[PDB]
Structure formats: structure tokens, C-alpha cells
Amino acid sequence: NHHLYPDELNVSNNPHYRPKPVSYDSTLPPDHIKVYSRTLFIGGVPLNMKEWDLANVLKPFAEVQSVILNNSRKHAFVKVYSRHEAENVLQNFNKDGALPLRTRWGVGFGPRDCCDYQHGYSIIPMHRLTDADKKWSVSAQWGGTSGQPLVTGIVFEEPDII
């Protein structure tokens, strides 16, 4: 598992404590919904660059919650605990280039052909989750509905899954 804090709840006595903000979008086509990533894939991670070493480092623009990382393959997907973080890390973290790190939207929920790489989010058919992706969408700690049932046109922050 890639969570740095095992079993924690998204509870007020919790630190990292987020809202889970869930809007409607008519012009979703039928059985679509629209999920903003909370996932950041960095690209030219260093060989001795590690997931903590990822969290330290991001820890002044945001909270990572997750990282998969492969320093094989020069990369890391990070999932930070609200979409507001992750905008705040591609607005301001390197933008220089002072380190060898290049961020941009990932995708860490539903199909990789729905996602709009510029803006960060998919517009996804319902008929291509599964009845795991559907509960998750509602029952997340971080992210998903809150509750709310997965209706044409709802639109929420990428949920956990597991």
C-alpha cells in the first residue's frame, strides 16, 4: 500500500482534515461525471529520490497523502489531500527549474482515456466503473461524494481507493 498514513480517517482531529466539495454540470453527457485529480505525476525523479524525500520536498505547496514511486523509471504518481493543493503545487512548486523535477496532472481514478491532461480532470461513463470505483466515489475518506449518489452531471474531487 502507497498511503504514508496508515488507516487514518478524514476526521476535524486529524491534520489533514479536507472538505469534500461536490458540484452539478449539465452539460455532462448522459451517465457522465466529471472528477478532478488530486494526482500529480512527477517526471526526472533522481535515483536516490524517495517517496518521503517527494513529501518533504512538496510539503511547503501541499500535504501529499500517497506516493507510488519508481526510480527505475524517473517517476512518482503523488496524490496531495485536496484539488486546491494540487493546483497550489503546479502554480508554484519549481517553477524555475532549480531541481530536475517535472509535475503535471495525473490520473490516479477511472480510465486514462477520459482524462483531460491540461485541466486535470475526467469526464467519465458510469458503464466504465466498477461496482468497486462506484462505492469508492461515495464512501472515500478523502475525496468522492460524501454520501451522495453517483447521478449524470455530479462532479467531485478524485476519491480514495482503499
Contents of the next structure:
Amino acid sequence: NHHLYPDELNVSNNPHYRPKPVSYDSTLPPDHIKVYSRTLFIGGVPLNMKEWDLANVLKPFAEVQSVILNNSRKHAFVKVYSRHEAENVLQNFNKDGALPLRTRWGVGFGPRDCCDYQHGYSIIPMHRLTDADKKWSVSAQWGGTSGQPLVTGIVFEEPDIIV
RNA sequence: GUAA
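In place of the form solved without the RNA, the structure of the form deposited with the RNA bound is requested.
Let us now look at the entire complex, which starts with that chain.
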């Protein structure tokens, strides 16, 4: 809907193919999970710049999956295909300060109040997920667990949702 | 300028 390519699938023959790293963290509290954001907040977006312009300035550092842009408020939310690519953008993109773009972490999944915006992950109690959040976590194309069920300590990348 |  807000994705560049709507119906696409996370498979070998897509050049957008990414693995789904799942790990387990024994320090998380009971019935809690950890989700790494794939969503970037971009502020200072000039009025003349549109969705395609943002996708293209980031292309050297990351393949962009979706852009949601509010030109009036001069910010956008950009989802990239993997955590690694998001981390890559935050270090290496616009180091010179040429573009007026301020790049920070955003949240695409779970409640805002569970997100550490400095490190870009959410420690979420399972009771705060909706039924849809649970479904998307296991069944999403990019991110999620790829069938592995949700249990205490599980760590995955932000799953695609449906909005 | 942290949203759907």
C-alpha cells in the first residue's frame, strides 16, 4: 500500500531477498520479546523532495522497502529490508551534512513506549501485542520469525505488518 | 518535525 512494490515476496529470485535472523536472549524478562527496528525517521525533508528522491538518496546505503512522507511536517518514515541496512544508513549516510536530512530510529512495530529510540529496539511484553501483531511476527515476508513460534527471550527483526 |  505504502510499499514501493505491494505484493512482493521474500525469496531467492527477488533481489530484495534477506535472511531472517532469530536469536534468543536469556536476560529478557518472562513473556517478553525483543524486536530490532527496520524503520528510520528522516527529518528536515525539503518541500521539493518526494518519495522517490528519498529512496534514491538512500540507495547507496540501503534498499528501501517503503516511504511514508509528510511534506507539510517535513518528515518521513522509511522502512528498509534488513536491520543491517538500517544500521548502515545511520553510520554512513550524509556524514558530510550536505543534505539537510536528520536520520534517526523510528518504530514500525509494537507500542511506542517499549522502544529504545537510541539503540532502535523494543523490549515488548507479549500481552501488549494484539492478535494481528502475533500473526505478523511469525508469518511476515521481511523480518519476523519465519514460522518459529513466539516465546520468552526471542529476538527478531521488525516484521512487515498490513496497513 | 517520531506517524500510519
